[PDB]
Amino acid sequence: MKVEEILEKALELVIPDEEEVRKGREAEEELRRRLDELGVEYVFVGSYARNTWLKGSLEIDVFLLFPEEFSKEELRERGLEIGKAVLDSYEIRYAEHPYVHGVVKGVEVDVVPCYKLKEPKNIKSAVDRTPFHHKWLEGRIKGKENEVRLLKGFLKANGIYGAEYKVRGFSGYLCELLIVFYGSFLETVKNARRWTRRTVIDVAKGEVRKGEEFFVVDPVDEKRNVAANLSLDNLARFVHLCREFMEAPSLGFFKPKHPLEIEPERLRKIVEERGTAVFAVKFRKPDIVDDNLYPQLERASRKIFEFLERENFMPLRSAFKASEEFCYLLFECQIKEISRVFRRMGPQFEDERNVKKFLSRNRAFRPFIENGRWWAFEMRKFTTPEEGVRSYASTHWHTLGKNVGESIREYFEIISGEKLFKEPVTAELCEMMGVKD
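Let's have the structure for this sequence by itself, in the form deposited without the RNA.
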């Protein structure tokens, strides 16, 4: 309905509501009042400070700015003493070093100790870049705050906003960089139609060029890829979404898709038509944070996938899901049942000693020569992909992630058929099979 008018409407899906802005205003006035009362040097950073934050994602970040001659333990103790005193409630989470993540008057706050520094090239972590991120962006992003939100909003409605490992999408900083680079949401989208897996966006040089991987060069530090956590597949998806948008623009690109919620009977039909084996490994969710869990689920599900390939069950795709209590590793394979008999490779006919060993083993059928080499018929211990994985998970849990493996060691189940539809996995199965609306 004309791009200019669709963007206007999306601004209402994207700009946070009234009581949200003023909920942040008073948590920002309370927090100032507490820190000011204590004499701490501080700075508000992140997207709240710049009025670029998405509707629904209100977060205040405050960095404590402590003189360059403070030790690595003295800043770690003192910095958290102020975080106790300033927050309604406090805890010590870790991004790399400890930092207080709590609440003030109903609003998430992160308090972070870090060196007071003028000029970068004098920093230690991802934490010490942040004040410089903010400084670099403040003023350049003025007038363009709504563009950022439109971009964050576009990404979020399509499941690719957030650099955390559950998402492996676009961070807020990345979105603000992009807007500074291209000028607007719409120019970002138009230009991203030509991005490749080798595109280097060098923001500080005003330059796009080719290199080895997708890389957005941090204007604060030229060694840092701001898009380091963006996965290749989400880059691909973004590029394609940008092409689709410019081809037939629509408000629905800023709305989440009315989900599938199909009933067991359609799924039964679909599975029957496809003629695959569909099953899940179920086990108890380890009590670790997301950024630790999701890489483990990815590795577990990859390991089982490779086992199934190697064992000739021809896996099509796999997926994984964490619920409150359980995790699920989900698979679909082209082979529902393989023969009991298989070929085991023996030695070249020349190698007398080793042929003798190969021929010693008692078997039910006679070995044979083919293309100059011995081979023997031997028997598999499992004939379905479900039995295979029972066996693999029982024996090779050690390879399925530190905590994922240890949980599976304690308890796991293979689920197929009508039982698989009693678990909260239907949505994931549908997506994994490309089920249409």
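Numbering follows the first chain given and starts at 1. Take the two forms, superpose them, and find the largest set of C-alpha atoms that agree within 1.5 Å; that set is the rigid core. Compared with the form solved in complex with the RNA:
In the overlay on the core between these two forms, a shift of 2 Å or more in CA position is seen for a single residue of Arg78, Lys135, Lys166, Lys190, which is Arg78. Once both forms are fitted on their core, the CA shift for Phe44 between these two forms remains under 2 Å. Relative to the superposed rigid core, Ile92 undergoes a CA displacement of at least 2 Å between these two forms. Here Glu413 does not count as shifted, since its C-alpha moves by less than 2 Å between these two forms after the core is aligned.
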The other form holds:
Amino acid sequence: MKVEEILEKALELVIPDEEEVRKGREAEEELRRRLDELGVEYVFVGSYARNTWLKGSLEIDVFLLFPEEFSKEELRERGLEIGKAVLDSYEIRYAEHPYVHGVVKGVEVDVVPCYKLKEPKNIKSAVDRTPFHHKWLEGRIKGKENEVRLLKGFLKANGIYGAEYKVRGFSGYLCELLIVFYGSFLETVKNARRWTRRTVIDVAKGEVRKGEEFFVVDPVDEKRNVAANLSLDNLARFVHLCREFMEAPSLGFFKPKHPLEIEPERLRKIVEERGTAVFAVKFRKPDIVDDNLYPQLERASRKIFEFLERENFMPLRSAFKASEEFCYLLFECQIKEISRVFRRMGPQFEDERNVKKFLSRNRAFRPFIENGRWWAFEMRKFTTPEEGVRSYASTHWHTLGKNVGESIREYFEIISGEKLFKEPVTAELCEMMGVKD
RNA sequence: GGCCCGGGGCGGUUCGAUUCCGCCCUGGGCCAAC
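What's the form solved in complex with the RNA like, now that we've got the form deposited without the RNA?
Whole complex next, starting from this chain.
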């Protein structure tokens, strides 16, 4: 029941079984013939090429090497022609530039056009850097592929594995550079417990130093940070997770946690006990990709959250959730209702000019002096958090992200009470309020 | 699309705004996309 014991059992959840490996070998085999029959210059990259793909995530990456001189237009057109001819079923995908996705003998395949270059300089898109990334990795990761899978499964089970915006976690590539550096999953974990928000891991120089931010320098390009999109809080959760695993190893660290759904009745009671204002802003999800949507959701929550704090509603935390249908921005505040009156600081008494202007304003209550300066009693246009956001969101829609903002400008409502407990947000709310059990 | 740094114009709020809330032009850096 010590680390060694647990990892043996974990490998079973991360390493693909013969029937999954075989399924892939057969797709690769068949895909190679289709490509060779056309005399196409390609290279298999990704975790499939390096047998480091996590169980249940089999997907073959085929990058087509195109002459340096070609125009981006050719790469896409000839690439679209090739993927079309070699796949059982195809579908155009769009990244920095479009490529093709499809299936071959039952397995997911990406046919990506890229430039064939020597020396990282002259990379025109991220996809061009990939070949170099693969080259640097194949000779060094060999032999440690299951250590990579253990790390992938760990991060996945704990909701931090992708590097895309919906996760802001540790990309696959980052995982492999980590194993090449520490040597194994256990060593990465042990040392990770010592990581700070200032850590810098330079793989090429086999060094660790103090920087201005968490920075894992790319072996193929010193100016690039592989963990660039690893959020500060996700970094923190990881570090904390390593301390815990080492303090009490468990196979649970590799098993996805159950949704743990709660009955809305119990949620209602908890919000009651808390005495806070819990509400959400609902609008229609713009028809855009997660990579453009989630950052907008993050911006939206933040701007409204900031409106809540300078307006004295004492917000505790915010959250958000997207469905096929709608989007929700969640909030919990300490103040359900504030007075209409509030004090406004005015000029110091010896300032005859401004004092005169400050008193020239007609107010309902008459200003006073306190500690050498004038203060005025003012009245608010709103006295509840919900009342405030309905105002803010109605006039500041344009600052809530291009798309999300435009969607809220055309429609939005603030839900609270029993009506909120009935939305597909009970999970986000429990995580927001720490609801344990 | 989001984040960072910088320019040129405005609106609102305020006794007082480069300084708070925002809107248009605009230069460069970076991130996700395998």
